[PDB]
Amino acid sequence: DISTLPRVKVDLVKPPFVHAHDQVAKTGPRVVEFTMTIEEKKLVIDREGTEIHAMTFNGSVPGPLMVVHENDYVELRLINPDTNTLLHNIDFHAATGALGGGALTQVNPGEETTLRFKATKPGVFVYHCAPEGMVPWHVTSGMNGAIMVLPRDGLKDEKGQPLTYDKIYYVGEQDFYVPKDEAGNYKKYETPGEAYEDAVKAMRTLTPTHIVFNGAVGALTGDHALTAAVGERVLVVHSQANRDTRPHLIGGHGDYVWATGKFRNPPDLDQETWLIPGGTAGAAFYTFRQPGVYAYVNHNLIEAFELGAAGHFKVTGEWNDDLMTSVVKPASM
Amino acid sequence: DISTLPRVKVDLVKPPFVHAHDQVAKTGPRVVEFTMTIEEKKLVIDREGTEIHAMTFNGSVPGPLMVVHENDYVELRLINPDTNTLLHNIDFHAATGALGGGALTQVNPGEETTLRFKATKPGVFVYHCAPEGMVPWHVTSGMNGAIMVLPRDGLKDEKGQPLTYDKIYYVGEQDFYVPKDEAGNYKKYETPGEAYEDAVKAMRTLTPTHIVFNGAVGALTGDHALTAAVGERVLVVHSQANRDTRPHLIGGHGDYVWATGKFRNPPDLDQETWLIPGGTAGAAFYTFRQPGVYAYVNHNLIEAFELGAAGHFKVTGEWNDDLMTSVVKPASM
Amino acid sequence: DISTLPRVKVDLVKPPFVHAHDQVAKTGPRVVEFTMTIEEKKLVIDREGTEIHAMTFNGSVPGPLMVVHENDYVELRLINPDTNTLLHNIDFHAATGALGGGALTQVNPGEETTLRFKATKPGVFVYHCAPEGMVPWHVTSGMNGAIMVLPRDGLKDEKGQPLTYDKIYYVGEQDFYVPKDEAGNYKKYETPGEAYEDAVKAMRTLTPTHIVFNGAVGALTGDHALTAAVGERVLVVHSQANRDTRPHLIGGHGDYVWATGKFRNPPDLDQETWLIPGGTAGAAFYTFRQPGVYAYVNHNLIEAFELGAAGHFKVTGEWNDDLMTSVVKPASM
Ligand SMILES: O=N[O-]
Ligand SMILES: O=N[O-]
Ligand SMILES: O=N[O-]
Ligand SMILES: [Cu+2]
Ligand SMILES: [Cu+2]
Ligand SMILES: [Cu+2]
Ligand SMILES: [Cu+2]
Ligand SMILES: [Cu+2]
Ligand SMILES: [Cu+2]
Numbered sequence: 008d009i010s011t012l013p014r015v016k017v018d019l020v021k022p023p024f025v026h027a028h029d030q031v032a033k034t035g036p037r038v039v040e041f042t043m044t045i046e047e048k049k050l051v052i053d054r055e056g057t058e059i060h061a062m063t064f065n066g067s068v069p070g071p072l073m074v075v076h077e078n079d080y081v082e083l084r085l086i087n088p089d090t091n092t093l094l095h096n097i098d099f100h101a102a103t104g105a106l107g108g109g110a111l112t113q114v115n116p117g118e119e120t121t122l123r124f125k126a127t128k129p130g131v132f133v134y135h136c137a138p139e140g141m142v143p144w145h146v147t148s149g150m151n152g153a154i155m156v157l158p159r160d161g162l163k164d165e166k167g168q169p170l171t172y173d174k175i176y177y178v179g180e181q182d183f184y185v186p187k188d189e190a191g192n193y194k195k196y197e198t199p200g201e202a203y204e205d206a207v208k209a210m211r212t213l214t215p216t217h218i219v220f221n222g223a224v225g226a227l228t229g230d231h232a233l234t235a236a237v238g239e240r241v242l243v244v245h246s247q248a249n250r251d252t253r254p255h256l257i258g259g260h261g262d263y264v265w266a267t268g269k270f271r272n273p274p275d276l277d278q279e280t281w282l283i284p285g286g287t288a289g290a291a292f293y294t295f296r297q298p299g300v301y302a303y304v305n306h307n308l309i310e311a312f313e314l315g316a317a318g319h320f321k322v323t324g325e326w327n328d329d330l331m332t333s334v335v336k337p338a339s340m
Numbered sequence: 008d009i010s011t012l013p014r015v016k017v018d019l020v021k022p023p024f025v026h027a028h029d030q031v032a033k034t035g036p037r038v039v040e041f042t043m044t045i046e047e048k049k050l051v052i053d054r055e056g057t058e059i060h061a062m063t064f065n066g067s068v069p070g071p072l073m074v075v076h077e078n079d080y081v082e083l084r085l086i087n088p089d090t091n092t093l094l095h096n097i098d099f100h101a102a103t104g105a106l107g108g109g110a111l112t113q114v115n116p117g118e119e120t121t122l123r124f125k126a127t128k129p130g131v132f133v134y135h136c137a138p139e140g141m142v143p144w145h146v147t148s149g150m151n152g153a154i155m156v157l158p159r160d161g162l163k164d165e166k167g168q169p170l171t172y173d174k175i176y177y178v179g180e181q182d183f184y185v186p187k188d189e190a191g192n193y194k195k196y197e198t199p200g201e202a203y204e205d206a207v208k209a210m211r212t213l214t215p216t217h218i219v220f221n222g223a224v225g226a227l228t229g230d231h232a233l234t235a236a237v238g239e240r241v242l243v244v245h246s247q248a249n250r251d252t253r254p255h256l257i258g259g260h261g262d263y264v265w266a267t268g269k270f271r272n273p274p275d276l277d278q279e280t281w282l283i284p285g286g287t288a289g290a291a292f293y294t295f296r297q298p299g300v301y302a303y304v305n306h307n308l309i310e311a312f313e314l315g316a317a318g319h320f321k322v323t324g325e326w327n328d329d330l331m332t333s334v335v336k337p338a339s340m
Numbered sequence: 008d009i010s011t012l013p014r015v016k017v018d019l020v021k022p023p024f025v026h027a028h029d030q031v032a033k034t035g036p037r038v039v040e041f042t043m044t045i046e047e048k049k050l051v052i053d054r055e056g057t058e059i060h061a062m063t064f065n066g067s068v069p070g071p072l073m074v075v076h077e078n079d080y081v082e083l084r085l086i087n088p089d090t091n092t093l094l095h096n097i098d099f100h101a102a103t104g105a106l107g108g109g110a111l112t113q114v115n116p117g118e119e120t121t122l123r124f125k126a127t128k129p130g131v132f133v134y135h136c137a138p139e140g141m142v143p144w145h146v147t148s149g150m151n152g153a154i155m156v157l158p159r160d161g162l163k164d165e166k167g168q169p170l171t172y173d174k175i176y177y178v179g180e181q182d183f184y185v186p187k188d189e190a191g192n193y194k195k196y197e198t199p200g201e202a203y204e205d206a207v208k209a210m211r212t213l214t215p216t217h218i219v220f221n222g223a224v225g226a227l228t229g230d231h232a233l234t235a236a237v238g239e240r241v242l243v244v245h246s247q248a249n250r251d252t253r254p255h256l257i258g259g260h261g262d263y264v265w266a267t268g269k270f271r272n273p274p275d276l277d278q279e280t281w282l283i284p285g286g287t288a289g290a291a292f293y294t295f296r297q298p299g300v301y302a303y304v305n306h307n308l309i310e311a312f313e314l315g316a317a318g319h320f321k322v323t324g325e326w327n328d329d330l331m332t333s334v335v336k337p338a339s340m
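Residue numbers (the entry's author numbering), protein chains in the order written: chain A, 8 to 340; chain A', 8 to 340; chain A'', 8 to 340. A prime marks a further copy of an entry chain.
Careful: at least some of the hints might be erroneous.
Since the list gives no way to pick out one identical chain from another, each pair is judged satisfied if it fits inside one copy or across any two copies.
Stated by the list, open to error - Derived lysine-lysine pairs resembling DSS-like cross-links, with alpha carbons at most 25 Å apart:
no.	residue 1	residue 2
1	49	21
2	16	336
3	187	48
4	208	194
5	16	174
6	49	194
7	194	48
8	187	208
Read the hints as simulated data drawn from the structure, not as lab findings.
In isolation and in its complexed conformation, chain A is listed as follows:
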């Protein structure tokens, strides 16, 4: 049966960008092949130079977004090079059995493996490393990403009518727990292993020291802001592998939102803010109607503005005064 299926190899792209794919499937079920390389690396997460030993899928935090269609087979080649120091694996929330694949993918530095699973349910799902006994430690070190399983006929609105996006972005939100000295200064370590004992005590406080988009404070800002034009339909996938978040587009809305990200359910309309539970990926669809800068944030504003959970959208186009206008500009009175 599988022997007879067509196969296509797909090369992944770095978040927030997403690899080329078709929304509506033009071919029948296939075996979609991906290759990921694990990379343990030092990463600077804020403006003051705080450094951590990130554990990554393909060198990025979050790991890249994989896109397939319902009933396709995902075939993953996972490589853990001998330059790493720890055992890693991968658990797909999109998959059925063997702890999401985690029990079949344990690779020590110098090993590789290939797992295949059938994508039987449509929706956006989280995938993350989950080694027996060090689970929260690898996840909160940035070792998580997401896979999107599209219905073969693409997205549909509350009424069964087609929804087609023009642009798609992947925002992976990460909660970090950096150990601190008595005064509150962040600690630095030589290897991932040296940090372990302190990492555990920092996580048990349940209070993140940083909560960021795309791996660092300000990663999605300035020259890195997400871009769009008035009139474009944008799909924004957002994942949080460990902790709850409440995304919100300032100056905009979630016209159609699957907060818990499963496409067999109808979307919620006109959301101001939506809750994505820790361990879940969600998707929001919006059509831009006004140009300018928009801030995309986790709506606990302390987590957004003090901790790092803020990004930008820079949108081009003509201003519409019907929707909004300054009748009297700020003046003395």
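Starting from the known structure of chain A, fit chains A' and A'' with the ligands onto it as the hints suggest.
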């Protein structure tokens, strides 16, 4: 086009009360005019006299509830008197563009401005102050409220049938982060500015010192309890601009609930408790069936009973033994 | 009217098991009689011997699951033996009036009472002790459980078609706040009363020291894992009386999920993880398709793996390679 529209000025009322309005629109689209005055003031929040420098819209925490209909134009005159010390603005989650209006409404002490926006989506939304760089500080100092955009044909149930409330109340929930000394005593400051540096360090712990309804511990109790009679249909709007809450009416239910508050979606039925994400306003509709006192609470009971997130309903009427009865009153055995 | 109704006494079973009942009602409305005995007892909650003074309904944490049908009358005899030291009561979220029954059920050591209420709404609900002034203290000491009110025609899917489970399990999740000394060691007390003053200060930090299933770290593991076979339809009821949780079955899904647990609403499909708000009971229905061990967890992985919110499912049957297979087992390369 707007030139030709009828206009009506509306005078706001203090929470938990709501200004007079029609559920079902009897007129066509209009320009609804509101005036809000910013007031920075000291506020005592608990029984022991803890004081803070509240930043308010119209002198209350939360700011008043505005009520309009879908496709009406909201025209707001915002005044920041010279007696204030800080720059303020306003971002409406109900609006499209310019950061919810925040980028068009920056007023220093002594200034005013008038913003107009079209209410294109029906639902209850949060509005809050959002000055560049001091966002969480103004919000958690009480500078937030809500606007309700009613469908022109009013509320409907899961089946499209009309829902008409007899009473409506606005409960604004506020998380406060009061700085503390080494022993745990709350600090006091001369001006809002003196508190700033400590405010920031208190917010980063992410642990509120108080979580209250209508600005203070016990504000909605005793002589201030919300009132109703058996048989009345009550709509309770609840907002949390920064943090998640889970409202619950003890001894009652949410017969129809829009947890994320957007009226184009059908309501959830028979809720015991519902989650309102930080940065969102929700609405619950209930018909009283038994008389007595009811406690309306945030269902994390520590936040409710230790931190201040508890209010009361005092309901008049006849007891129904079919629904409930004490078969054997507490006695020795 | 009630005089004329048939009556049936039901003997409760210890969680995670559930007493015998019919899914589809074969009789007309009845008066279902239950007896619960309060028991204050010392309980060891972790591997290192941490002990607490648990306050329980029937000797277990959580209290047992009660199962009735919509429009049946629940008649509860509640006994607080003279061996206890504190006043207790019971508030049913399933009931209408008198604070869920809390104001009608106050019993001091040596007393008993019998409350009757009509189960007018279908769904899974929480019940918990709620004495005026010590509410969070009795709840977080383990004094809560759940009642399931089944529609008279049983469960239905998103389309109105019947859903029949083969097995049902009750998982009660508990957040504990154990007082600590200066170094971080947990304190021990002689009586519940001696712990009170410190209990309050520990709860106000809002940071649980333990979060467990069925009363202890590892209670649902090893020889205590939940069991099933490939092909069985399992209903898992989960409750959290005080704090939010996000259940997730590793290697599986929630095929039909009522996150806020009210059966008049259609279920959400294909959930990876779902949010159950503090003060609520939810239910997830799943059909096992692969054999092996599954971990059932609260998906904030720090709360799961460091704090105790993890249990197991041991499923028998044949492996299906179509759904998943190890193409290349971990090897050197
Ligand atoms: O929409 N300003 O958080
Ligand atoms: O319903 N007592 O939290
Ligand atoms: O599905 N491993 O949390
Ligand atoms: Cu890893
Ligand atoms: Cu997981
Ligand atoms: Cu302000
Ligand atoms: Cu906002
Ligand atoms: Cu009790
Ligand atoms: Cu309760």
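Going through the hints against the structure:
For a Cα distance limit of 25 Å, the shortest separation of residue 49 from residue 21 inside one copy, 18 Å, qualifies, whereas the shortest one across copies, 50 Å, does not. Taking CA atoms no more than 25 Å apart as the test, residue 16 paired with residue 336 passes between copies only; the shortest distance there is 20 Å, against 56 Å inside one copy. When the C-alpha separation of residue 187 and residue 48 is checked against a cutoff of 25 Å, the pair qualifies only within one copy, where the shortest distance is 20 Å, while the shortest distance between copies is 37 Å. Taking identical chains as interchangeable, the C-alpha atoms of residue 208 and residue 194 lie at most 25 Å apart whether they share a chain (13 Å) or sit on different chains (19 Å).
For the homomeric pair residue 16 and residue 174, the shortest alpha-carbon distance inside one copy (22 Å) is at most 25 Å, but the shortest distance between copies (42 Å) is not. Taking the shortest Cα distances, residue 49 and residue 194 sit within 25 Å of each other inside one copy (13 Å), while across copies they are farther apart (40 Å). Taking CA atoms no more than 25 Å apart as the test, residue 194 paired with residue 48 passes inside one copy only; the shortest distance there is 16 Å, against 41 Å between copies. Taking identical chains as interchangeable, the C-alpha atoms of residue 187 and residue 208 lie at most 25 Å apart whether they share a chain (10 Å) or sit on different chains (15 Å).
The structure is consistent with each of the numbered hints, conforming to all of them.
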